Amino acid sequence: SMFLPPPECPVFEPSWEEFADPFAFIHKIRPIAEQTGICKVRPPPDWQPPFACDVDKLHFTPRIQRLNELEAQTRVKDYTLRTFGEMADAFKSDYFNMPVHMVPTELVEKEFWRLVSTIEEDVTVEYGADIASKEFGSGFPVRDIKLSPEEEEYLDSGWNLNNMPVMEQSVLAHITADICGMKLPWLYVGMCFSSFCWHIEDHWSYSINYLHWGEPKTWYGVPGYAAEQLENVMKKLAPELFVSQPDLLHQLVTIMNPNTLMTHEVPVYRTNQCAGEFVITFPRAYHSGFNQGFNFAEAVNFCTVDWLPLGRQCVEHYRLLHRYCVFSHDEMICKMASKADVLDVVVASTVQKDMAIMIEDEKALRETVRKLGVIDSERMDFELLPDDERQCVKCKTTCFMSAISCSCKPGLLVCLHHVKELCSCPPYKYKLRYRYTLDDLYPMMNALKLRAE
């Protein structure tokens, strides 16, 4: 009745030995956590990263948020940290007529789900969300300014979210294109009820979230295997969310009661993330939540070797949806292959397998377009073109292995799945533009094998 909290997601308390290597640890808990989509990680009691900031010199531009269930919000779009904190505490204090920390978390949760489902209430809140910048930096130590001995100890921690993307078992650790959205941490300043709508990460990546300080962040998570179930429920109740969008900056997302999902047989788990704790989201695991009060979090995307095959599947799914890519998965694979001699050996082995599938798929595609009567061809360094100059006109995929052009429509490309979609000219007028021949690729494949042994 009213709100039934979902069951608790898994909570892990690794020893320092377990904890020291984030990638080994994540791989370890994966059979458990991937069944629940999210999990919480409590670091060893003495892992205590130093937090320090001047609340008067940190500025940011707030986003405003209406709180209505099923209402469309867009994924992306001046306070000091102090003036925001004052506004945030006053809001929670006045809303509940209580001291801001005496408000029970159970109560804030039940109240959140009441207020979002009521048309009459028009509660609006504000929050901060931006990548690390010079005007507002990471909450973790970074090199620059003389650091304290305590800060230096955490500079190279695997769990320092600045390091995670560039560590050795990370797969995005070598991507050329400056995907600032996916290897840089994001900073989040929350207040009571400010919420993150249901979503999955770009390219179905992992995310790792650290709550540096403040009141808890409440999470709901859904395991990856249930992603399409959830989408079907949402399509049915809010179809306006699923119309086509002109770019990445136009994704539509919404607040939705997890009990609604649970009624439709979608497994949902919850947690309250407190200061000093990590939440990890797994590939294609839907998640949402809201902040209990004034707080400060930091989060980053990442991709492990476990993720690589899912990344390929995600881009295929993006193609089916005519959804824009953040980067080319094939380009990332080939970039790594080209650096095989310095790859971690397990990484080399995993990349080799994805590359084999890529090559077999590419062979079949090239044979198909040849049979359609595309004969002329020319090598092309796709990686040099801005993304918006190499997207398939039909399905918006970022091209890299190959594409079709026609002199009839200068600058336009289709991927090889959409050869019929470029123009009315006969295919013999087309050119196949390709990055590699088979012969270019097999030394790269062999290098990976040698590195992998």
Contents of the next structure:
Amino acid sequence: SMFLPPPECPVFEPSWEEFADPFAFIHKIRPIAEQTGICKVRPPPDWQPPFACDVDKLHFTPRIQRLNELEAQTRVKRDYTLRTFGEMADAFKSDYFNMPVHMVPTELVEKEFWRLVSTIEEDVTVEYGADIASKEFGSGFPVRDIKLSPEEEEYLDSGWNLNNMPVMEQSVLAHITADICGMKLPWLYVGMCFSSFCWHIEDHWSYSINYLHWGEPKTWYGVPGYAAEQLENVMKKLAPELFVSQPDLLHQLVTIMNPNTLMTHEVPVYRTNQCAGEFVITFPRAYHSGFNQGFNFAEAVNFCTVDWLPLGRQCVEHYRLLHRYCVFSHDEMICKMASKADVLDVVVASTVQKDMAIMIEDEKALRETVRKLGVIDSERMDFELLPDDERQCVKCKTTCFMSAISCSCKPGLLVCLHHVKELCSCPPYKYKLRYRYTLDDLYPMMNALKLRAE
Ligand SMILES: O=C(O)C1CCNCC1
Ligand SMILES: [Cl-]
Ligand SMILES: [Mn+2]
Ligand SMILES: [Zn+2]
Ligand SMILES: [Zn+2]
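Switching from the form deposited without 4-carboxypiperidine: structure of the form solved in complex with 4-carboxypiperidine?
Okay, now the whole complex, with that chain kicking things off.
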């Protein structure tokens, strides 16, 4: 009645042995955790990274949040110090319940959250912080520079230090040269009671890993990747405004929605309370949302393993159908790894090889199709030198890299090879095929990968 909590997600407690390598561990739990979308990881008892900062010298500009179910909010984007925010947050919670701030049971904040977001008479607003690390506000993990204490140095090179996570070698987003600060740098979240993150999946269907440094718990709802489209159909029916096309990546619309609504429509949902010192991991295309119990501080980062590579290609195809902007070119990333085949991990090399073989076979078919449409002229073109906004398909907005069609009639404009009929009204003999590599360039790049993989 009123609120029925979803069943709990899996909780893992690895030994020091299992915990040593994050990628081997995540691959171990994957068959379990991918069935629930999220999972929680409790580190070994002595793994305790030092948190230290001056609460007075850390400044940030907060976002204001209206808490209404099914109401549209924008995904990304006054002045508080950590101390002044903390004082505002604690007084807010304390006055809301007329209780000392942690005699308030977690079960009660949860059912109160879902009551207040559904009730139209209530117009509660709250605030929070969301930002990547900078000089005014940096990582909660130790980083290099300032002399460090011997304990900080122990955790400088930890796999679970989230600054290191992207640039490790079993990560694929590693050697991407193109800037993607949005999804390779860690984000910092300063929470208060009821501040919340709307339902979403990560860019390019990547994993994420989330660490709560300190403070009151963070409550999570997660849906497995196989049910992503079920959830979207439920949401399209109850709030179609979120699904109208939007002009860019800075205009993605998201919302709050009761898990019981999803469970009623046969969408599997799981929950957890994440406490300080614990990790939450989200899997590819796993929807998630949640809210904070009180004043707290969390840090999160995207990442991509070799397991993810095929899904990443399916995702870009899915973006094309929806006319959504990409954050980077998936093909450009494959070719960059191929060109560095000699210094790649051998498991990586083998998995890149398989994706590249698919890429090449698809590119062959596409070029044959545009040739039969009467496009004859062609010229090599270094797509990776163009700013992203200068190489999106006019029709489907995909970021071009392997090839595109241009016409002297519309200078600067491009379409991908799926949308040759959408560029202009000139006859096809006036078009040029622009390509990064000939098929003959590509087969030796793939062979280099096969040799490295043996
Ligand atoms: O505020 C937060 O904790 C989150 C935001 C986005 N994804 C997951 C968690
Ligand atoms: Cl409300
Ligand atoms: Mn997220
Ligand atoms: Zn033309
Ligand atoms: Zn296109």
